[PDB]
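So this first bit is one chain, no partners, the form solved without its partner chain, shown in C-alpha cells.
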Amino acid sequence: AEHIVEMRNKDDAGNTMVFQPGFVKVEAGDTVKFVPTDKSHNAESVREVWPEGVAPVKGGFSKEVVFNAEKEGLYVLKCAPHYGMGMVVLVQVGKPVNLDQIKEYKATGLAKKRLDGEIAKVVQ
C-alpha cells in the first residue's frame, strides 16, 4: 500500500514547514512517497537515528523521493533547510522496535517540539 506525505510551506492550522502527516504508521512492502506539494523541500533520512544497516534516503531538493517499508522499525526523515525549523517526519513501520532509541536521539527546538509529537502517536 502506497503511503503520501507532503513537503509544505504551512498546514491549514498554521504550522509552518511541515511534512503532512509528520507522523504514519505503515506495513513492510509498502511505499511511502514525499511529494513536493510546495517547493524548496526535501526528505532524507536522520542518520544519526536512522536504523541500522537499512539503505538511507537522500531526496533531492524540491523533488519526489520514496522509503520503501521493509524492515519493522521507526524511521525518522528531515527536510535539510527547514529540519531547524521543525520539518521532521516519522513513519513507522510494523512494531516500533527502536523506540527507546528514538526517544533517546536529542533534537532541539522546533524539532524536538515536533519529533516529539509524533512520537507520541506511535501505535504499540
The other form holds:
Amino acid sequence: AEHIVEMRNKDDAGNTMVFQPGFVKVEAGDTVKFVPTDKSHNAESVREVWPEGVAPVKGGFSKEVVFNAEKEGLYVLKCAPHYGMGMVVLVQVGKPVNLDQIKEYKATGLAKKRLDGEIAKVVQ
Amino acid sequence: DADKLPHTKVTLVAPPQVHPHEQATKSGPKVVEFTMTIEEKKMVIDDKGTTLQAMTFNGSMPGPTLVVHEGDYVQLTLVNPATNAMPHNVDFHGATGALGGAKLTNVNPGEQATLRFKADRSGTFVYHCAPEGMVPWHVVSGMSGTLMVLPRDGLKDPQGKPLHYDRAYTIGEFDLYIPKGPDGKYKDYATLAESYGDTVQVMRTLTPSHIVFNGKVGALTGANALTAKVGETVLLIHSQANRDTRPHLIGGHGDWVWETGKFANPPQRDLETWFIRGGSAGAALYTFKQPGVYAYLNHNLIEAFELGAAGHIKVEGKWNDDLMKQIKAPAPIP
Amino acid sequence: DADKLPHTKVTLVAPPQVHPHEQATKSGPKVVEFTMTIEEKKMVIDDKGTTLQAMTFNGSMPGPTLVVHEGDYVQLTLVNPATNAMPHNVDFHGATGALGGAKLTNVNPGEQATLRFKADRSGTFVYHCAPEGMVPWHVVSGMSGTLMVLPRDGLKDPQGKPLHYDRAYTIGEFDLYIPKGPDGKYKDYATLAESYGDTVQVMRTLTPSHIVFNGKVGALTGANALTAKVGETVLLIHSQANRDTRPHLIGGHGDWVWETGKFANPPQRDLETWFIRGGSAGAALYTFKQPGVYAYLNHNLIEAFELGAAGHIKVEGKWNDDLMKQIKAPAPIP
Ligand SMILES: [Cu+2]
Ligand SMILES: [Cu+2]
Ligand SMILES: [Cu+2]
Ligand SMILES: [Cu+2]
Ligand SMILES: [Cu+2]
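In place of the form solved without its partner chain, output the structure of the form solved in complex with its partner chain.
What follows is the entire complex, opening with the chain shown before.
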C-alpha cells in the first residue's frame, strides 16, 4: 500500500502548520508520500531519535517525497521550517520495537504536545 | 468616488528618516500607493551580539513611516516572499473595518495582496501584522510601524494657529522577550520557529529582556545619532505597538505634543515627559534653542539605560547664556 | 552605476560568530555599509600571563567577518580613534585597485575614511592593515579578518548541486612573535611603540613564540568551544594573513573544501587535512555524523599543542555504531 500525508498550513479546527494525518500505521514495504498540498513545508527525518542503520529522509522543500517502510519500528518526521510550531508526524511500521527511545526523546513545546498525542496512537 | 482620483506612488525610506511630503497642501484628495515586503530574519539587537529571531516590514524595525493627508486613500501592496516561513497580513489602526485590514491581507509565503482604505481621520497611527493566533508574537518580533495622516493644511496649535516642522524623525520602541539557557546566557535560535515556545514563555512574564529604539541597543547613537541645528524644528514620532512608554528629551521639552497621537485634538505644550499608550503612536514638536548632544529616551531609566530604550540627537550652533550659564565651574569647596 | 543602487547597513559581530546573512538570495546588487573601529591594546595571549601589544579591527583577533554577495559593493567606514598611537589603513584582497584599498584609507589617530569597492569575485578573502613600511608588524599584531563574498545563489558542489550550511564559524590563526628577555622569560612592554624593535628582531627568525586561534591559547575551548549537533552542516572559515597553516578536524573531515578560498572553483571532498596559504582564507563544510568533543586544529601537531593553534567543537546527538564501535574495550592481553 501507499499512504498520503498532506503538508498543510492550518487544520479545519484552528491550529497551524500540520501534517494531516499526524499519525500513520503502515506495513513493511509500504511507502508514505508527503505532498505539497500547500507550499511552505517539507518532510525530513528527526535525527535525534531516528533508528539505527536506516536511510535518512531529507526530502526537498515545497516538494513531494517518499519514505520506504523497510525496517520495522517508529519513524518521527519534522518539517524543518515549522518543527518549532509542532509540524510533525509519526509513522508506525509494524512492531513499535523502538518505542522506548521515542518516549524518552526530549521534544519540547508544540512539538512535544503534538508528538505525544501521536505517541498514544501507537498500536501494541 | 475613489476609482476616479489621481493615483500617485511613493517610494519609502528606512527609519529614522521619513519620506518627503507636504505638511499643509492646497492639493486635493488622491489615492497613494505604497509597497512593503515582509522579511523574516535574525537581527543583532545589542553590543554583546545577542540575536533576535525577528520579523519586519520591509527589512526594518520599525517599518517605514507612511505619510498622507486627511481624505487621501491608502493603497498598500503587501508582499510575502517564499523565502519566508509564515503568514502575515496588516492591521492599520488608521483604517475602518476588517480588523483594520487584516482579513483582506492574509498572505502565505509566495503570496501577495493589495488593499485600499480611506484616511478619514488625521493623526499618527500604528500598523502591525496580526496573523490570527500569533498577533502578539509577530508584533513583538518587529512587525509594526507608523502611518501619519496629516491634516490637509498642516499641524495646528490649540488657538487654531499654524505649526511647522523642518524634519520628521520616526522612532519605534520595541519591547523584546529574548529567552535564556540554564547558564543565564541569551539563547540563539537556528531558525525562527525554534524561537516560538521559549519566547512566548518569556512574554507571559511581562518582563522584556531588552527595550530598544529601532532594532538595537545604540540604534540611534554615535554615528547614527539624529541631527538638527539651533532654530530648526523637529517632529519626533514615537510608536509602540505593544507596551507603554514615556518619551523625554533631556535638556528639552515637547513644545507641542499629541501623546494620544491624533491631530484633531489640541496639543499640550511644555511637556518634560509624555506618554505613548501601547498600541498607539504619538508625536511631538521641539524647536531647538541650544547646541549640544541631547538624549531622547523612555523616562523609565531602567528601561532606558539598562534595557536599551535611549537614543541621541547631535545638535549644532550657538550656545546661549540667557537660558543657561555656568556661574562657578566644579571647583573645590572653600 | 552604484550611487543609484539600494544601500543597507550591517551590524557586525565578534568572532567566531558571523553576522546573519542569506546564502542564496533573490535580491539584486546593493551597497552594504560596514563600520570598523581600530583598537590598539595590550592583550593576554596565553595561560601564563604573556602579553602582546596588539592592534585590532573592532577589538578582536581576528577582526569580524564581512559577508556580502557577488556583485554587491562594500562600503567600509574605517575609524582610527585618537586614543590610538599609530596610523592604519586597510587592504582588501577582495578588492580591485589602489593596493587593495590601503592608499585611499590611510587614517591617523583622530581620522576616519570611507571606501567603496565592487565585490566582483566570490570566495573568502583576507583583509588586513597595510601601512607603508610597517606592514608585517601591523598584520602579525592582529590586524586582519575575512571578507566572504558568497555567490548569488549559495555555494555549489563540482557537479553544480547546491550546498547549504546551518551555521558558520570564523577562525583567524595568528603567528605571534613575542620577544624574550635575557632571563628566558617573555618581555612586557609599556607601550605598543616600545615593543616594535625587539619584535621585528624575532619576526626575522621566522619562528613564532605562539600560534593561536582567535587571539589566545585556548580561545576556542571549554566554555568557548564552538558547538554543533549531529545533522548540522557547519561552515568553517579559516584566515591566516601571514603564514601557512593546515587545518584539520579530529574524527571529522572536510566534506567540501575550498582551500584556496574561491568559490567559482570546484571544492575538494573527503579531506583529512587541507592547506591555507599565508595571506589567504579558505572554507570547508562539514556535516556532523557523530556527537562528542571534536578538535579543530593546525595539523602540525607542534604548532597546535605546544604553540596554541587548536580549538574544540562540542557536538550533541546520538552515537552511531555503523560508523564506529568499540568491539573490545581496553583490557588485559591473554
Ligand atoms: Cu511546515
Ligand atoms: Cu506577521
Ligand atoms: Cu492593533
Ligand atoms: Cu595598522
Ligand atoms: Cu595582503
